[PDB]
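Have a look below at one chain only, the form solved without this ligand, in structure tokens format.
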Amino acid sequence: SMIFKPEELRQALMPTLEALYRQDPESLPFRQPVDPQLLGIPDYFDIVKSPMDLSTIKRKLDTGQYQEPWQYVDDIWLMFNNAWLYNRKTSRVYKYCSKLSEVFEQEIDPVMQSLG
């Protein structure tokens, strides 16, 4: 595959991450790691083996931890798939996840075309 530099990935991908943060209120559950003790859900880490959230993805982009853009896409989908796995289909967090995923699909498609 092609080489990607960290600054190039920030320019291309940060707008797609920003679009998720700007979904308000729907991004609020995703702006920080899940805290199962605080949120009253002690089985969370038994169900969700690889936690992920927007702050972690932002830090990885900011510090240059992605070598290529599909690693970023993988982390976004990990975050979404964790929330659809743990939460019931009628719950607020599940519905907010679906909203963010719709926004992401719209934003990421032209960006990955340009990168690829």
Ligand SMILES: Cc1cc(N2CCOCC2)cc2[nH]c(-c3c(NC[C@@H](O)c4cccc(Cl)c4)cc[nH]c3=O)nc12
Given for the second form:
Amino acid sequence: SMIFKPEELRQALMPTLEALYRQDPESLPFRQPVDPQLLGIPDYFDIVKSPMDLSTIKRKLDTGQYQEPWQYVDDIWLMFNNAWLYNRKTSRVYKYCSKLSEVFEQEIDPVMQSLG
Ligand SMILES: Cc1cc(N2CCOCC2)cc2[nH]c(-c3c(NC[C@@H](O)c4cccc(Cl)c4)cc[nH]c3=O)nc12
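Cool, the form solved without this ligand is there; where's the form deposited with this ligand bound?
Next comes the full complex, this chain leading.
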């Protein structure tokens, strides 16, 4: 119920978002919505029911669609859990995801503390 100003959400969370984008090659599979046809994985939507990626998250931050920062956390973990569900433990994407998730856990905590 406590509502955060959309511009306070941007200044606080956008550095945490840049931290994942800057991971290269690990972030590349995550920067745009998964396109099953274009990638040749047409079973993707039979398995992933709520897709999510960095461009959608950033667009929500840019346009003030999050009311409080834990919705941002939600979308980021949903993005990770989607990739861990779909790709096999031995795939590059799966390990790319784990890297991104290590980057996120190491930097989100002081940011969420400052937001109160
Ligand atoms: C740390 C961690 C490790 C792993 N492992 C790596 C992959 O394979 C083996 C397991 C999976 C995780 N799943 C989630 C998770 C969420 N975390 C909140 C946490 O960030 C958090 C909690 C309180 C305050 C803050 Cl500031 C931040 C939230 C919603 N849904 C989630 O699934 N956290 C995971």
